[PDB]
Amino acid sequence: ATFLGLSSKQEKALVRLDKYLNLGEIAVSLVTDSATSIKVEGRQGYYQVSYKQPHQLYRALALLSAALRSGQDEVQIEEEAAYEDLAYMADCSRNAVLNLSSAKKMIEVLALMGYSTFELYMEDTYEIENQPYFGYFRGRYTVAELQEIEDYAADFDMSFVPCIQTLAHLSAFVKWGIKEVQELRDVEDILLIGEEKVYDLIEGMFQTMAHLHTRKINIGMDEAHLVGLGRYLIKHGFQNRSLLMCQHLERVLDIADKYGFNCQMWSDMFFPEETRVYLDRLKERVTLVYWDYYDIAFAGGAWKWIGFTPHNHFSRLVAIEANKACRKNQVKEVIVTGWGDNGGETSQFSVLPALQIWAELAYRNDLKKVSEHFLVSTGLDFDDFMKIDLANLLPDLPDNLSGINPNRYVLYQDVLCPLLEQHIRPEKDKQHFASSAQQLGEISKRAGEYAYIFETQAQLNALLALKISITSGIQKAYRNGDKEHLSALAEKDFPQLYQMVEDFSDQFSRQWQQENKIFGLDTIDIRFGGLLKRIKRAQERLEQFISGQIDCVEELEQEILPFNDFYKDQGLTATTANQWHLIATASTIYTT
């Protein structure tokens, strides 16, 4: 395709986007026009594209590309976006730090979908001068790295917003047993309000970020129960948390003003006479984000924080209702969040379908074109990609319940002491995982550049089917005194499970290294390594029982109880279990 009206910047962007767009030998002319967000009109090889914001050029061209692919000659497309800003925020704080190459790829995909803004969630994963422990061995971003990511987004006329923490959720930093860190602490993951060394740290934070072009930052500042209740209380006595939050936020905003920043934060804080007055003054100096995944921006969820497998389906359900509500309430700004809770085990690209869904709702208020446009963004079929969710999609789950994550807890639970066993239907769930493995093995064959993430999932599902088979088989066979069936498992199925887990670690490690810096993979080595050792223990214990070397396997004599009652009121068998250390063992492991 050839163009008239391009800037040199747009020329370079189109060189980068060429592999995605298949515009062919057509002629395109560009107009800037704020009558509508996007307009595409033309026929017989000559098209005019108009956009309101420059970044919207790239979605307009995706719509053109899709329309032509559909075999249209005549094109007449018009879109008025509901939101002035549409952002995607990746988590780089949960062990998985997006590598620069992956950040670039994501920026390109977001450009094509219509996002205006890229955000990174960094608790401690950016360098601060004079704070060598901050992000120590975490793969923290250098200033040069953050600049490179920012500048790459700016090349597509996209904005960049760092999402940091200025009070709480700094657990990876505050663990260091060095005075210059411990003196910054209130309690648990919370910094000490009123400590000048804490305000020194926070100025360091802004000094790092002042090296970027952006002057928009998310400072966190959500409310935590224990704020003011640790070393603060010892220092100062008890104080109204609202009052402390007010003290702290003013200090932070004064630092931010010094570096020219505009601050966004969670609304919580703003849900005694003189503190109410303080509150009303501060609210005017900040933008608020209202979160819900299940002068106000809305934060929606792209579900990739529940283990190894995302929930694009659930994301779609809530996106549809959230979009209605945001429109009703004239919301100007939406941030789609890609959290990574408790180890960052889910692919950074696992939620491309959810991302396209939100783009479509924002621009068209429907999903009528989601497949066609997703094909431009990814080169793949949307329904294929949506099957990435399968390890969570147990047959007959209610579709409106969140967090149900058997992908993770079936994997990590013990074999001899299976804490989640009563939440598993051993035939029904096993057959689902077995079938899912087959479906994903086929998709991976046609997934191209994304095949690697489908391979991980195919292997997980096959691993889960066999793990349930062996685990539930042992419980039955042991209860019924069937040493013959136990010997068979020990001889054939155990070595097969062990090998499958090893192969799964090798595949996951390929996925991780493709997407993330190497830092953080180590926690997963530990978890996989522990699982392997426990599988081996299970085999060994059974062998000793079969051979008569022990008279019973005490693990298998224990009554198993429900793991939690989170979905007891809804009557589910499956559940949500999303902390590895509570899934893997009933013993102490972190505690003293």
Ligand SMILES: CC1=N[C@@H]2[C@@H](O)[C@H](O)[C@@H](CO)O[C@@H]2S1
Contents of the next structure:
There are 2 protein chains.
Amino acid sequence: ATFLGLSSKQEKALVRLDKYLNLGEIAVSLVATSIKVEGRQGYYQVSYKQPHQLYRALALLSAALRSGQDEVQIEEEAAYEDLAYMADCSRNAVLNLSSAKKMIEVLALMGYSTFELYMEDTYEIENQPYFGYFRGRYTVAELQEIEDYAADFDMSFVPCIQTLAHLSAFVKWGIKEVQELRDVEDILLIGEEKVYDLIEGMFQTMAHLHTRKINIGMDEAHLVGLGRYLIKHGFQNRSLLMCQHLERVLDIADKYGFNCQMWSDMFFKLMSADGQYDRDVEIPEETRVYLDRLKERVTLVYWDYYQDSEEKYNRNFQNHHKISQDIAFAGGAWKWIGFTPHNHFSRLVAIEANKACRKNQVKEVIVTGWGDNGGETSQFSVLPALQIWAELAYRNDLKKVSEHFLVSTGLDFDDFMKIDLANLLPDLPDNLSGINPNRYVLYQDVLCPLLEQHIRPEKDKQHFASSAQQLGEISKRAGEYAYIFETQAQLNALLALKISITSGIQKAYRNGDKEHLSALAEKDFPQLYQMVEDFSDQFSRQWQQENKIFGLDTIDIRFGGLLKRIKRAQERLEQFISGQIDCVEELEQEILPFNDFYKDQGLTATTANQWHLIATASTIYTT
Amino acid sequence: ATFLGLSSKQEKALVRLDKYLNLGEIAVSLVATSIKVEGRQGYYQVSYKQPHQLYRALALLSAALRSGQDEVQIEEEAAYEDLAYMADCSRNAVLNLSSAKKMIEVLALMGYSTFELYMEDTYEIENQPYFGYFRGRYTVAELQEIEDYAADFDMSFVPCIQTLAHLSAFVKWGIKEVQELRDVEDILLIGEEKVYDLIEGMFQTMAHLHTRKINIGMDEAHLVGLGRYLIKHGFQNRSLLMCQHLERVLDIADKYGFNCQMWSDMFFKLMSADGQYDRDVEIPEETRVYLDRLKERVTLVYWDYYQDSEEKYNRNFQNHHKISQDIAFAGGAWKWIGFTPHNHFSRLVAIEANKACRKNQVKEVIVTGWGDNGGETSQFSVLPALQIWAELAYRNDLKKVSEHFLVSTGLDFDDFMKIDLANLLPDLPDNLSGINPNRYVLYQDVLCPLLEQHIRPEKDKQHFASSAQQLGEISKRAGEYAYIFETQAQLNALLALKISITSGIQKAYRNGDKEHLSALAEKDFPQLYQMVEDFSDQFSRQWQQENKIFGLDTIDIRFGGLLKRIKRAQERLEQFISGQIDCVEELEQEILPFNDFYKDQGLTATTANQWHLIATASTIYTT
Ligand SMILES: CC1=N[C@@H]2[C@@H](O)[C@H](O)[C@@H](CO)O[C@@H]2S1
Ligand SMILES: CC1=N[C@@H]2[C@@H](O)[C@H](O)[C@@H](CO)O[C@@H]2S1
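What I would like now is the form solved in complex with the named molecule, since the data block earlier showed the form solved without the named molecule; can you produce it?
Let us now look at the entire complex, which starts with that chain.
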């Protein structure tokens, strides 16, 4: 392709995106609306409102031509001034520089204005050697390189940090200078000057960036004011306490020229009678005066990944607008439920959230790709969800999602959606969130299978086996992303065999069938152990491709423990079969429902997303 | 031997104890002081104040004879009306019936009046299926059998339970009927009728026993009143809240005929300005009035395992005397610091505690054998400590500790004390508690060794190697306890190699010596891996001899994780050596002190006793 009207900067960006765009022998001229592309017979005119929108416009041109269109007539008016993707870099997976750059390229093509990294403790602060210690924290140079790459595409960069809670990986260090910063649990001590010193250190680090927009956190500080704070000061008004801390942090941000966003949940939890987020709260006048003074100094971010109807989001927006007009929305790219994402669920809720955002004058949507409890899901697992949100933002529909996605990823959208398969059990109601058999079927014990009442052995096993087959074929046409489909093919195959053995043991033991137990012990057990080893190897390839090495160690621990537990199950069965023991006491125990979260929806599967609770009923982190 | 004046019950006990006593062809006749033994020329008279003291008296006689005495003339007056041993059955290791019986025999010979088991959730309660689920909870029949065996020696049985906090293994269950019982963290909800229903269930279970003496717990409920309690009730006077709960619990106990003890720490924590135990107390007038009525109905147990001077204990007794004259003391049999006990430290503090308990006219001493953070230490690891407290109680000195211990165990006291060796680093000040390299040298990572600054790579390694040799010889002469010494011999040998390799890789990586890194990778790593496998096998034999199978699973997880991390370290080094990677980022990180707990003492070693924090700097239990 040849171009008129490009700047040298845009030339540079197009060189980097050529491998996606492959525009062929056409002439493009760059000259009201977010995006317009029009032309035919080898001549196309593109226009854009914000500079970064050039890259979605050119993706759209590419996708149209690739689909076989000669005449192209595209006009989009985006609903949101800003559309961001936030990757979790705090749940053990720290995105490596190469993968950050790739993600930025794809986001540029999709139409995102902004890239964000969620970093609790995973950046460096002067004279805080324990902050991010052995975590793969980003150096200032690494953050600058990521920011600068985004800026090459006229994209913004917004760090998402923590200035109150969600600092467990820092406050664990038994060092006087760290411990003195603590209130309780994962929460920093409000009113402690060494805490404001720390927070100023965070801003000093981020002030080395160009960006002056930041998310300061402040979600989920449930026991704020009730720890060392209570010992020092007695019981205080916790709503005002939050306001006080927030004003202190905004004052620090102001010193360095930053404008701030924060997660909004604590205002609602502190003012509602049952301490919940989804609540219309009455605000005491003294708190009102305080919030009224802070509403123009911070953007509140309403986060919600769960509702299946527009009206449910609308209610929360109305709750928020009683506090402030400046409300941003965070929607979900579901990749925090184990090893397997849920792009399908992401789509379902995004459609409805987008309706509510448009009704409530939202100017910014932040798509959050959390990594809860170890960061076991691929960083690129959620490309479909990210395209979905871009389509919703730009077109208000998903009519062109496949066409556009092919340019973004080089593979078919429906194929890519099959990455979800280890969560897509047959018969599951589609509107229930967090149902994650991919993870709990993997990590549950063999002898003491705590999730067994939530498994339909034949139906689920057949689904996993079918899924492995499907993904084995998809990985052969998945281009640069084949590795993530290989991981999923292996996981599904492993889950099928793991169910067969685990459920087979329960049945055979109850029947006293030592012949069948022997069959399992001597043939199926070696196979399962090898499949786990092979899965570990593939997962480690995936992780190293995407992430810094730090944090893989927790997954080694989890896999190594699973392997040792498979060996124990073999040994215990062999001792029973041989007559060395008269019973296997583990197998004499009645298995109970693991939880009742979805009892009243009546399905068999559930949500279970804490490894240490899946893997054992014994103590393991407590004293 | 031939016995005169025994009841049928006593005759049976003598038959059972012959294997210890070896009295031979003598006559013993059962006729002012706790114990008297008097005779010569094959005829001896014994007398006791309390029936169980018969068995210590016969031990004294046995020891005297084995020492070559013909004429024997021994009198003892015990300082304490009751002397108890409490084994932990809540830290994953649930003592099995055979081991309970053995322990009771030994305790009878030493002079203990009482056997106790500490059971948070590890017993059965009607209609509470999650209470002790997959934990190896005791059935009523099992507790009755254990109590009855104690009773055969005229020893009492006292269950030690929890009626407030330390219930993490129960409250983790995501079941509405469990979650509704919670305040915060590991604490039950005071004032909730369903909690009193649960507590009444506890008493219904224990009422099947003969004993009507019970320790109801109530230690370490630090955030009591601050969770769901606070949302429901506002901020209340927490010392009064404790009294209110206690009164409900005592009313329940009364209904079933029980007399109660409780740990005393929360009264001090809630009525000190620092919130600590070892503090003077400001007792509000209203709490005084409540305490004054409750003090007549409960025995407060002052627990302290740490002080090196009588005066420090005395100060605490004085403060306790502000609340009540009925104060029992809990001393320590140090077995909660990993895989290896500390009988030596136990001795040091017991000498001083015994002085304070005598000065303060204490009637009951309970020696506690906690098992913190997984129950990894043998249940029989602390027999020396138990003899020491018995000698202190009966004779106020340790002049006959060895002679009497030989009766109790069949083996030499100083040999048995060597079981401590993995904690007895050269140069350690003897008065510092909790220093536990046995555990943290084992579980620390190889690539990312978080405890490395606390390890002296030649000095400690030599000590572990020397200890392995010493223990290998002791195990050959240790009879029925050889297995616990074999575990220790293996552990010490493993720690020596593990240090050699971990420090060796830091050095060879630093000096760029790929040849030596390859030698380590190819020769030493497979050796270390095999040693860990073998140690796991030996530990598992030890565990199964002593405990129910439930809880071993956590240790399989921990060892499996370590094995996998050893494998990872080999693989990462191999990739570096072979040129597949240009650096090993793990080994480029500066290693910091792990904690500063003993920094003020200028110490290299430290205390580190939570597996999840030793093993990785990553997140592993948090979301
Ligand atoms: C703000 C937010 N705080 C929590 C995060 O720490 C989790 O990762 C996320 C997904 O479970 O849920 C909420 S969103
Ligand atoms: C009462 C007591 N409660 C605690 C126990 O849970 C621990 O096991 C023990 C040893 O660390 O220390 C105190 S004593």
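Numbering follows the first chain given and starts at 1. In this text, rigid core is short for the largest set of C-alphas that superpose within 1.5 Å between two forms.
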| query | finding |
| --- | --- |
| Following rigid core superposition, Cα shift of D222 between the two forms in Å | 2.3 |
| Core superposition result - C-alpha of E250, shift between the two forms, Å | 1.0 |
